[PDB]
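Given next, in structure tokens, is a single chain: the form deposited in one PDB entry.
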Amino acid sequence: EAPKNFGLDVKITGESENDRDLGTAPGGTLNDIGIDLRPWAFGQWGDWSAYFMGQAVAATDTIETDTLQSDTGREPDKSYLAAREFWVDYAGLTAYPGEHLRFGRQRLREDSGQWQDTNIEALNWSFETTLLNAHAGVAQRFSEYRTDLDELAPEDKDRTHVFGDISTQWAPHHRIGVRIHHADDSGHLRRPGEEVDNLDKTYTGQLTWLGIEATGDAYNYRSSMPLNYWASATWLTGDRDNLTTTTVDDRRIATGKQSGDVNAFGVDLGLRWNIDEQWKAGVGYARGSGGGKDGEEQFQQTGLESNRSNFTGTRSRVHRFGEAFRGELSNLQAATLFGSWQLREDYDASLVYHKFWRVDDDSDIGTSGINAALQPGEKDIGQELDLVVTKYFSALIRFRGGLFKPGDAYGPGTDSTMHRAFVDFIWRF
């Protein structure tokens, strides 16, 4: 019971992925295994505490051993070292032990995973009581802290994140709240005539997300309520200066840039039936605006998101928009069916169906686990069936599977079916 100062996380991960590009580019296939050692240290002295977690990975190929990876001077190696988290924490600001201030590289996380779920350098203030939850923090990436990555993602470079939220429990297990997030770019874009690589930035933006959120045990997998729900509306405002480019002799040259106001809208609705103590089923609809006058309605998430939550009502967390498609709520429309089952804390299982549309036929969608160009004039992105099965021993064995059936929007020459699967075996000392 003595508060544990250190431990080690072991994970054997094998991943099957075929094919990310829908057979348009050479290779790009995964069918590889790896191990991921994560030692962690923790100290606590009254109101003060400190924590470090490192990461050692060795794999047969650049497989994904971390759902919070920065997606890829930016070519990762099959094996690498990494400092995932390092932070100091003070909790003596108030007598509420749910209140604390955390400084360093830390796990920023909100329940839906659509606003922030990542490890990033930040100073975050958390205030979590029964009646009132409030968070405030500032974050920015200065490095990946890994032996195989030299540079930041262009989007992370010189981007500062400020964010805050406040919510109350107006009814037992019913939460209403507001959430704000601001992303500011201090970087520069390539001047006209300049060669632009893959690590130059697409744009520089001053973006602000204004969110309403109503939840009723939306991500509480032990809900005593027969019905759980999540509902959120988010307004994205600000401006973007997008870099315009042109190709001269198989190399892209900067041609200028255009400024433009962003006035987008994002909605995510969900209802989960608690049929009995084991079986649960539910429905979701999430829409990210896209297109509009000069792209003004192109919604986009914060860049810190993971879009992974326990929306299926299980202890295991599932990607909100498919483990294969991994859609970002951007120019995106999603209808989601899911059934889930769980036996105490020994097992949980989830079967999730998705269908994806575009909002605008000439506008690309946000990030995804699919690297295939979209046909102009076509909304039908495709369908996806997911299956997550987990057995908890601390330790756990988990299969995450996504089967993506591309729609008409991907067109000729593309594979009729793409899958991404994982078998995660985790052990805690």
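Positions refer to the first chain, counted from 1. Here, rigid core means the biggest group of C-alpha atoms that superpose within 1.5 Å across both forms. First, how it differs from the form deposited in another entry.
Aligning the rigid core between the two forms and inspecting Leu101, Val359, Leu351, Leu152, the C-alpha positions shift by 2 Å or more at one residue, which is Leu152.
Once both forms are fitted on their rigid core, the CA atom of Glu277 lies less than 2 Å apart between the two forms. Superposed on the core, the two forms barely differ at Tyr219: its CA moves less than 2 Å between the two forms. Taking the rigid core as fixed, one finds a CA shift for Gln258 of 2 Å or more between the two forms.
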Second form
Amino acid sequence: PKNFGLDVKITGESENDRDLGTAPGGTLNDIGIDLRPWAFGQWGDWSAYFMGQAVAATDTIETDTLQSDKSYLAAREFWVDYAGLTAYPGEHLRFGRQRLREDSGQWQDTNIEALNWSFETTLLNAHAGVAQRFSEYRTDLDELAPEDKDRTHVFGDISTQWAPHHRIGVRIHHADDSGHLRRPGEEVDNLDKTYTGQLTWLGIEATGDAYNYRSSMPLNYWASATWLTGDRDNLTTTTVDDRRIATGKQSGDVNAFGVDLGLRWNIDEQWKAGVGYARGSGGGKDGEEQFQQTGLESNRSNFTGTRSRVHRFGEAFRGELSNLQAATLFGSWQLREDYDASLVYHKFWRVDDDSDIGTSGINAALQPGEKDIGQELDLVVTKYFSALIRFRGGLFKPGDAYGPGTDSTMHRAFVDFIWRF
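And the form deposited in another entry, for comparison with the form deposited in one PDB entry?
Chain only, nothing else included.
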């Protein structure tokens, strides 16, 4: 067994106005290094792992693709795994700050303090667990983000392969927030809570080699349908002197719906192309029909049919399933294990033109009555040597919901050199 290693990364991020030229900041044209040494131990049914992180950048640039000062030191992963409960080789119980992942990247793709149980067999896959955030384990952050404070996650899943390469399964996730929203006229932070309450996500999903870059099948697919219920309290905010002020709350219950469908043509072993459609419900009375995600998602997957993970709702726009409709068109190319290139086009709309949307990457006010968010074109190019050189850039063109006063175009482009030891 290999007890230790080191991962070296050099990232160059160029971000134009993320607020679309409407607020100070939102520009990053800086470089940085990210060093991740790790340790591993194995003694029969028992396992233990650790991963550190040391970052030195010329500005606060993104070096982690997963959901989350210039220099910092942190504890990324620390767990103890037990594999002696059953005779099954793919069954283990993991406890500690670990990486919860799911193939679609839409339910969970993060590093969180959790007690997780995995049961993986030939015809059946089942998982269950609990997760809560108690710290950032970072040197530059002493206080835990109020957003992630007192939010308990209870999740489960069960899948079956009804036909070879064809899977059907159900998922459940409960978020029990026992915290409190800001009182009126308070300084609402950038890391502050948007909601409190009890929420139950119930979903059904069907895939046919949806995230497999090496498939024998001529056509690939994914079909997802999620329902959301429970009691939710949303915090209402106002602008004032560019310092967001809390202006009350809206307490009710939720009855929202989320959908994600897609199809991929495998022309040959190198060339692939496909289409996608996603809908996250919006509006209703007191935001009752407004859909949202668990808050553990990254929205990143191998939906283009390559080894490289691409953002499902744009690298620039970085949308999420909340009052949002999306139309996607893509193309792929891959030379064995030497290269991979992806080209992705997206068109975004609003489900309700009076309500707010789900987005990162963009921090600009939406004008009422206008449904057209905008369009995007993504490019991803990877060269492999352990070591790799990647370019991942997105060019977003704002629509009528942003109106005049906004720049004609917006971009976010990264370069990653990852050499591993």
